[PDB]
Amino acid sequence: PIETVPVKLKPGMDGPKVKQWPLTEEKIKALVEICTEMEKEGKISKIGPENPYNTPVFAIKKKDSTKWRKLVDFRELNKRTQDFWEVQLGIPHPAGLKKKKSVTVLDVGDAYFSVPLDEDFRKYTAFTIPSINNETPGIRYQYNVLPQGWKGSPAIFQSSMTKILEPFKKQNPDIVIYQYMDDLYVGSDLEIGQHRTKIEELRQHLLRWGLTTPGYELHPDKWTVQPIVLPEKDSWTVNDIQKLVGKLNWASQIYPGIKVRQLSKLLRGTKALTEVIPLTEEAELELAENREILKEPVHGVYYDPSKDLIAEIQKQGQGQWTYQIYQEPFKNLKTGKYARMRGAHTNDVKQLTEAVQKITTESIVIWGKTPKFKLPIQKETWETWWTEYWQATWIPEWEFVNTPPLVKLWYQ
Amino acid sequence: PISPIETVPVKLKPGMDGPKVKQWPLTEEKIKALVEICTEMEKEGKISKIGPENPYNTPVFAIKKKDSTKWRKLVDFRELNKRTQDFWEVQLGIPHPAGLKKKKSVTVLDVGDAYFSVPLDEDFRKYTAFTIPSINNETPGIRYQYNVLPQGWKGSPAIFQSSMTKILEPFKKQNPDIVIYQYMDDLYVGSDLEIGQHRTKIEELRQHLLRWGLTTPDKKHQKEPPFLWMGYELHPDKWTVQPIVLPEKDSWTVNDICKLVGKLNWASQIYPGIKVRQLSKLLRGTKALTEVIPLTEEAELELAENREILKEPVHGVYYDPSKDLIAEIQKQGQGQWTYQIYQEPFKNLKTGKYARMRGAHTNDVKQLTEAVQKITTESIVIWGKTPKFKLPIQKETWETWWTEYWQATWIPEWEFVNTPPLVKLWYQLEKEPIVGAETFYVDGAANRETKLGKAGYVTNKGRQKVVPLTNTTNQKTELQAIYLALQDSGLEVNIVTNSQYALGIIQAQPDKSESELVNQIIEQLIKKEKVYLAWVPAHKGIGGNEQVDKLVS
RNA sequence: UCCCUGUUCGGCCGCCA
RNA sequence: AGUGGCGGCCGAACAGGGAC
Ligand SMILES: OC[C@H]1O[C@@](CO)(O[C@H]2O[C@H](CO)[C@@H](O)[C@H](O)[C@H]2O)[C@@H](O)[C@@H]1O
Ligand SMILES: [Mg+2]
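Protein sequence lines correspond, in order, to chains B and A.
Note that the first sequence covers residues 4 to 217, 231 to 428 in the entry's author numbering.
Each residue of the second sequence is one higher than the last, beginning at 1 in the entry's author numbering.
Some hints here could point you the wrong way.
Derived DSBU-like pairs (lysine-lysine); straight-line CA-CA distance at most 35 Å [what the hints assert, rightly or not]:
id : chain 1 : residue 1 : chain 2 : residue 2
1  : A       : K287      : A       : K331
2  : B       : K13       : B       : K82
3  : A       : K126      : B       : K49
4  : A       : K424      : B       : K424
Pairwise CB distance ranges (calculated) [to be verified]:
id : chain 1 : residue 1 : chain 2 : residue 2 : range
5  : B       : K11       : A       : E79       : 27 to 37 Å
6  : B       : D121      : A       : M184      : 29 to 39 Å
7  : B       : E40       : A       : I2        : 33 to 43 Å
8  : A       : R72       : B       : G93       : 56 to 66 Å
9  : A       : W426      : B       : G285      : 28 to 38 Å
10 : B       : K66       : A       : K395      : 29 to 39 Å
11 : A       : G231      : B       : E415      : 35 to 45 Å
12 : A       : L210      : B       : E415      : 47 to 57 Å
13 : B       : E415      : A       : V417      : 28 to 38 Å
Worth flagging that the hints you see were computed from the coordinates, not collected in a lab.
Think of the CB as a built atom: it goes at the ideal place given N, C-alpha and C, for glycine as much as any other residue.
Required output: the full structure, derived from the provided sequences and hints.
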């Protein structure tokens, strides 16, 4: 019997209507189940053809569960409420949570199961459950409470949340807490043993206000960056210096201090490619002073909260991936690398979904945004297999690029 | 009386009102039939007369079938449909006969007056207002508005399948061991009861449906497979597509090929191995539908062999959820593939085709992975699992590809088959520069205006070449400079280009390309022994690449 | 100007009610 | 001279990223 905060769509934008893609029968019987008991509890109620709105839904298995999780694809419903959850009831960002020597993740989705939902807005959050070979027409539901995975649910509930957390924030004044969609990030400078206790503390302190937690430990200080590496060689061949001058000249777009003039004199004839050449001293100097300017971060590159985050991934072979997070071209806000993760040297898509997920956390922690993804894969390959290896509770917005390695710059 | 089954609330588009358009002229032969039907629908209750308080009106006419007395009523709902709300179709596709599990008793039942048995929502019944005259000019005429879902509205199909889901919905909880698939106005009821007890539950369902206003005549064909349904023949233990009649023309028009290709393309889902690449290669740049076009020797070679696959009738089996799915691919050359899904060998479930030359420049490993991604979804749809894959590419060829390709590529669990032609990689760019081979520093340039341009090379030995080009591009002159270097080189060669475009194309080991020029480069790469290709950036005064650009400007 | 990608709307033939 | 759907063909705008 709680009063309902009203929700309305952004000016002049219709609700989401996204087609529901086919599903493996193993995620059908489970989503047929998760909705039987959510309807028996009243969390959702069946609808009919008068609703022209639909949002995708599928099933993930969180890491080592054997108990399925229901996950809905709210990206098109999300980007259509944006003035509600950005300009109005937003969530501020704890600039220092990234400094913490340790950070734990906890799934607070059960708490959205209670608080009721505005009656105008439950027509835009309807999802269909498919059946195999188009037998039963799709068993279309809709959401009577604050749904899981929406970006308006942590904006409405943040009040009832601050009160539930208010005893524990006064009890530990150093600890830093940030809340993103269905997830909660708790951060302290305590040591991993004393740290694992404090979460169990917040686990029951929230369990007594009705939150049931279905550990995930981050270490934002230990995080490394990816160096723009030039080769170090005893002997250079005509071929080696063209590859090098190509990297520096491809590099001159970020670090404006690089120079290629004196190493190009080194290539003054129309020579064979494997011929070894002596580096002049003006070129040993050009080579060194370049190896320096790369030791420094890019200049004047600072996060701009109005701009979207962009993340590009490059597949460097042998189970290693490179990536860059940016907002404007050649102004890199972060770089990284991933190696021999799960699915190492056995599966690439398993590897990328691991790559995409581990990148989304790094950005939510440092900027409170889900970076937009440029995926190096064809579209039907990602759709068909991603949710098998997807374990997160959010879903970032992505596009697929067909880019060859004109320069395989990032490692070599 | 008011309606037996629950109504379905409808609304207009925001800020829009009903349709107002006056009727066409129509001959006295058709007009006489409609006034009879309107009182036959009025007597049965599908319509009601109304005064002039209803400003909305929408046209009507009729069409008569050949060799048949029956008429089709029609409503020009164009303006009502423009302003009727969006619906979310509850029909995400059409079920396919290979997906039917095996059951003892299969009964096909047909709803009579299917859309005419659902109640149009009382609030909306106003916009369904139409006018019909007795004679073409004399009678002023009467106005009537709808009491049911009308043939020809934009929600009449989306609503019927939603209400009729509420109707079959308890019956399914009453008989879990009997399954009812529902498409449109036909119903397929199947069980593992005997042929006698299947006639008892058929009357049980006939009557449970009668409880809601649905009439299933006994005039229907009984349990006598082959049931004709969707253009197929569904037999007791097998199924096949309805036999195919090919136009036997001594002269072919474009209407002849377009109608023929669709028949061949429909044949492929059970008849294995049909090809259509060259019969459609004739229909590419065609403008007139009736104008004749000749069949080249290839396209004529394509018509004869296909005609021979269809001589014998073929059939597939059904899905048996305890046996696994094993899907097998064969190459057809010229970028065409055919495949069969089965469970017990030589008992094919279905067959199929994938031929999309996708991308401008594709090889046999990209194309084999594209056929896999389409068999995988066509199997997730029909049987809801990923089949096991028999694939004619060596376990080592595929191991070299995905490790080296720059896009992440995966294939589910698969095994090798040695049914030649095996699919393999036709060459390999070296990773370190060849010693002792002439190094060709190539570049090309053209003028967008004049479409004239040059392509050429300067090497280490001093050799040069520039070739003028006519009606060409800047991209197409760079792809040509590299072709000059491959002709004019030995079996071992180096090439330095500043073309990101060309270096991208080549590096993807592509053996079949749509541009006849790219196929020139593939053949010279196949004939070399060691090719090494590298990129330098342009206008950085690198070696002779700074120079040869001057010769090509 | 150039290429590929993706999305989103349109013309005719064949099939269904 | 209606609508929806399925197969075939042809294009039309919109947006993406790269190549000059
Ligand atoms: O791979 C993109 C694919 O997803 C769909 C529907 O699920 O669109 C979603 O993804 C887009 C790209 O991230 C989002 O921008 C969009 O909001 C979301 O609906 C398809 O439209 C698209 O083919
Ligand atoms: Mg040039």
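To see whether the hints hold, each was checked on the structure:
1. Only pairs whose Cα atoms come within 35 Å are accepted, and A/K287 paired with A/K331 is accepted, the gap being roughly 32 Å.
2. For the hint pairing B/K13 with B/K82, the CA-to-CA distance comes to about 9 Å; that is within 35 Å, so the pair holds.
3. Proposed proximity of A/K126 and B/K49 is supported: the alpha carbons are some 28 Å apart, at most 35 Å.
4. Restraint check for A/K424 and B/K424: the C-alpha separation of about 26 Å stays at or below 35 Å, so the hint holds.
5. For B/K11 and A/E79, the Cβ-Cβ distance of about 30 Å falls inside the hinted range of 27 to 37 Å, so the restraint holds.
6. Distance hint for B/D121 and A/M184: a CB-CB separation of about 37 Å, consistent with the stated range 29 to 39 Å.
7. B/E40 and A/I2 have their C-beta atoms about 36 Å apart, which keeps the hinted 33 to 43 Å range intact.
8. The hinted range of 56 to 66 Å is satisfied by A/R72 and B/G93, whose Cβ atoms lie roughly 58 Å apart.
9. For A/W426 paired with B/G285, a C-beta distance near 35 Å keeps the hint of 28 to 38 Å intact.
10. For the hinted restraint 29 to 39 Å between B/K66 and A/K395, the CB-CB distance of approximately 30 Å keeps it satisfied.
11. Between A/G231 and B/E415 the beta carbons are some 39 Å apart, a value that agrees with the proposed interval 35 to 45 Å.
12. Checking the proposed 47 to 57 Å range against A/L210 and B/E415 shows it holds: the Cβ atoms sit about 54 Å from each other.
13. Roughly 36 Å separates the CB atoms of B/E415 and A/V417, a value that falls within the hinted 28 to 38 Å.
Hint compliance for this structure: every hint is met.
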